[PDB]
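Visitor: Each chain is listed here by its residues.
2 protein chains.
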Amino acid sequence: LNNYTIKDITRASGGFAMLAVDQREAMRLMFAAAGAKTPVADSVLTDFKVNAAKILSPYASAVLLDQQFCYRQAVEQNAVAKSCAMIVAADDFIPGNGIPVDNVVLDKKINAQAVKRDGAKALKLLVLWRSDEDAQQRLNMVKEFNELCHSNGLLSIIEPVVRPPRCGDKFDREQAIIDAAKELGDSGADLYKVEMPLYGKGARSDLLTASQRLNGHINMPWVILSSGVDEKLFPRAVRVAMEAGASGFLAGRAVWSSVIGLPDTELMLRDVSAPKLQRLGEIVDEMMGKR
Amino acid sequence: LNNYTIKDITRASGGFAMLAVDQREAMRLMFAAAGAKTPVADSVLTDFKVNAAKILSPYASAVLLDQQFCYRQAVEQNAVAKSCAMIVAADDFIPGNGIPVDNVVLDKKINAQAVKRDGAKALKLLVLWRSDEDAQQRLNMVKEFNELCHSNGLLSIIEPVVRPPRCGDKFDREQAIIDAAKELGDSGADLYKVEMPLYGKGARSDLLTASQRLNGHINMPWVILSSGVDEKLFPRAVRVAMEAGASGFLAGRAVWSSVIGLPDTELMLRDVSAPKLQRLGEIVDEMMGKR
Ligand SMILES: [Br-]
Ligand SMILES: [Br-]
Ligand SMILES: [Br-]
Ligand SMILES: [Br-]
Ligand SMILES: [Br-]
Ligand SMILES: [Br-]
Ligand SMILES: [Br-]
Ligand SMILES: [Br-]
Ligand SMILES: [Br-]
Ligand SMILES: [Br-]
Ligand SMILES: [Br-]
Ligand SMILES: [Br-]
Ligand SMILES: [Br-]
Ligand SMILES: [Br-]
Ligand SMILES: [Br-]
Ligand SMILES: [Br-]
Ligand SMILES: [Br-]
Ligand SMILES: [Br-]
Numbered sequence: 001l002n003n004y005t006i007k008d009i010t011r012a013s014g015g016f017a018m019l020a021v022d023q024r025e026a027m028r029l030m031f032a033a034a035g036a037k038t039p040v041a042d043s044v045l046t047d048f049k050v051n052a053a054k055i056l057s058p059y060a061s062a063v064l065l066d067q068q069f070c071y072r073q074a075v076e077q078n079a080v081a082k083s084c085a086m087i088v089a090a091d092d093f094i095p096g097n098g099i100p101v102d103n104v105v106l107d108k109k110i111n112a113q114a115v116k117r118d119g120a121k122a123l124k125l126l127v128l129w130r131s132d133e134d135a136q137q138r139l140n141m142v143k144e145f146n147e148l149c150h151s152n153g154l155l156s157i158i159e160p161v162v163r164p165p166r167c168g169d170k171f172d173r174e175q176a177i178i179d180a181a182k183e184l185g186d187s188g189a190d191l192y193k194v195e196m197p198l199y200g201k202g203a204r205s206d207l208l209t210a211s212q213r214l215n216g217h218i219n220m221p222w223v224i225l226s227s228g229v230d231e232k233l234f235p236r237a238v239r240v241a242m243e244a245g246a247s248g249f250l251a252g253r254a255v256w257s258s259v260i261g262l263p264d265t266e267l268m269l270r271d272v273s274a275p276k277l278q279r280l281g282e283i284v285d286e287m288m289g290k291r
Numbered sequence: 001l002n003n004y005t006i007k008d009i010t011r012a013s014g015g016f017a018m019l020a021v022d023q024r025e026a027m028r029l030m031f032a033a034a035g036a037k038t039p040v041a042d043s044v045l046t047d048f049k050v051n052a053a054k055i056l057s058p059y060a061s062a063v064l065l066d067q068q069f070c071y072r073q074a075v076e077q078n079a080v081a082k083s084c085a086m087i088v089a090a091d092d093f094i095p096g097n098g099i100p101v102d103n104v105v106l107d108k109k110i111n112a113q114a115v116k117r118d119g120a121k122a123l124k125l126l127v128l129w130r131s132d133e134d135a136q137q138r139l140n141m142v143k144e145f146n147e148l149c150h151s152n153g154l155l156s157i158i159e160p161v162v163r164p165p166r167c168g169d170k171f172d173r174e175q176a177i178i179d180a181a182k183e184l185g186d187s188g189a190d191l192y193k194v195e196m197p198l199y200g201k202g203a204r205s206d207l208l209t210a211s212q213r214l215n216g217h218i219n220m221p222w223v224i225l226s227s228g229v230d231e232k233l234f235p236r237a238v239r240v241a242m243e244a245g246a247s248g249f250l251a252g253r254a255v256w257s258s259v260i261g262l263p264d265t266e267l268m269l270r271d272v273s274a275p276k277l278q279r280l281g282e283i284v285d286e287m288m289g290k291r
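Chains A and A' are the protein sequences, given in the same order. A prime marks a further copy of an entry chain. With the first letter of the first sequence counted as 1, position 2 gets the number 2 in the authors' numbering; the numbers rise by one all the way through. With the first letter of the second sequence counted as 1, position 256 gets the number 256 in the authors' numbering; the numbers rise by one all the way through.
The reader is advised that the hints may include incorrect statements.
Residues from chain A shown here face chain A' by an in silico Cβ test under 7 Å; the list is partial [as the list claims (entries may be wrong)]:
| # | residue |
| --- | --- |
| 1 | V104 |
| 2 | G228 |
| 3 | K232 |
| 4 | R279 |
By construction, these hints were calculated from the structure, which means they are not laboratory data. All C-beta atoms, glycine included, are put in the ideal place defined by N, C-alpha and C.
If we strip away everything but chain A, and leave its shape as in the complex, we get:
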């Protein structure tokens, strides 16, 4: 049957506490930047990816994985905890202008029937937002992606991400975030995954105001991602976001990026990354309690 429910990727409290490890070339660069020998082999990425999944998934309500480096491997090695659900990335990242994801399309070599058969409950689509690029073209992609999910009994998660325009120098990140939300905040996906306004920096009140503003333009449950926010400021970001209407997080770097390049990865993941994710889940439970 093609019945799907948001309940399958939330905690008992109804909040979202989810782990993202689907980063690709972006992770190879992190490993390079931490002083791992180059060129960094693919097996280093899948090793770290499946380790992160097995050590951290006990603490997440879902985990987001990519076919390219660790989807096969995680099911093979039953790396995902029983209590944690599985999101599969359905975006094909295209490099350009010297960055690894300059453009994004829907991944055609994704078999939602296969993936559903392996216990997946949801797919995710990154959507690059540019002020001088066609909004209708974005919306179409999201629509195609929503059907791919829903017709297969899967949830639909979109991730609008704000980039400067192709021709021009007018780029106000904050406004762009809000403009993307106006556009895509009611596109009929099941979940909106969004950047944190002001990088979670500054004063709590200015943040609450910005997160409130944002929440106004999202007509579906939403969560914040950690990219851009310092890991120390992310716990607060989640509190403010949820006080403003957000229902949780879907975070990666703020959980495990600090550990890249250090000796004894499994121990590092256990002693450094795990207490952070644990705390974050405690926090969402606390905020759902306040509703």
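With chain A held as given, fit chain A' with the ligands onto it using these hints.
Guide: Chain A' with the ligands in isolation, oriented as in the chain A frame:
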């Protein structure tokens, strides 16, 4: 009565999981370095100190405080958790050659009877170790300090800390650590608080060997401090130390130094520092279990 027992500063498992917030001028400099406005007022130090104590002491088996900035205040405001015991610093730090603690003596304006009356269970003495300074002079100080404690029913904690020599350029930190231990590792204190060899860096086996070597020269329970060790590598340092004979930690910077200078201190202490201390206590419990 002047009966004292190590059990009063350990967890149920018998391991030491202790919190140090007695840093003085050294902390003012941290606040300065994090971009707090200057000159940094004393009240900023006691504010942070008592906040750290009230938020973190629930997770520690003891907490080390200083008269200068927060001993009065912590008792006044019942800042120390019931389950956590109280160590009071009994060292008078003397600045020199451009550093805030160039030399250390026993603090004479310490009333052990007063302090015991407020529920204190132990005192701590930093001992600066220099290869070209008189060992007998150090030992004497420790002896005086041991009596001050024991005659008042208090435990005795010493903290030998390794410094380069006054005249000369021959300084091998690792050897110095071991030489200090040879000298002071059987001085009749109740606890030895020591720097981590190799800054907790490198390969696990090289560390285990160095920690084993060290343990050989300490004839009392010992614990490691976090100064010098990156906070991410401290959880491992504790595992290796205890696998080598150490019974726990007495750490500060690796718990709370990252949070200095950030907005919303009480929240930062709760969301960032607390999960780290919690983990560390979990780790000592795990290692005592292995004995
Ligand atoms: Br749960
Ligand atoms: Br590379
Ligand atoms: Br790995
Ligand atoms: Br859960
Ligand atoms: Br990129
Ligand atoms: Br814009
Ligand atoms: Br900030
Ligand atoms: Br709150
Ligand atoms: Br490991
Ligand atoms: Br305990
Ligand atoms: Br200052
Ligand atoms: Br404070
Ligand atoms: Br305890
Ligand atoms: Br100093
Ligand atoms: Br030496
Ligand atoms: Br290292
Ligand atoms: Br171990
Ligand atoms: Br606060």
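Visitor: All the hints need checking, so say for each whether the structure fits it.
Guide: Against the structure, the hints:
For the restraint placing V104 (chain A) at the interface with chain A', the shortest Cβ-Cβ distance is roughly 33 Å, beyond the 7 Å limit, so the hint is violated. The interface hint given for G228 (chain A) is violated, since its Cβ lies 16 Å from the closest Cβ of chain A', which is over the 7 Å cut-off. Checking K232 (chain A) against chain A': minimum C-beta separation of about 5 Å stays under 7 Å; hint holds. For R279 (chain A), the interface hint holds, the least distance from its beta-carbon to any beta-carbon of chain A' being 4 Å, beneath 7 Å.
Checked against the numbered hints given earlier, this structure breaks hints 1 and 2; the rest are met.
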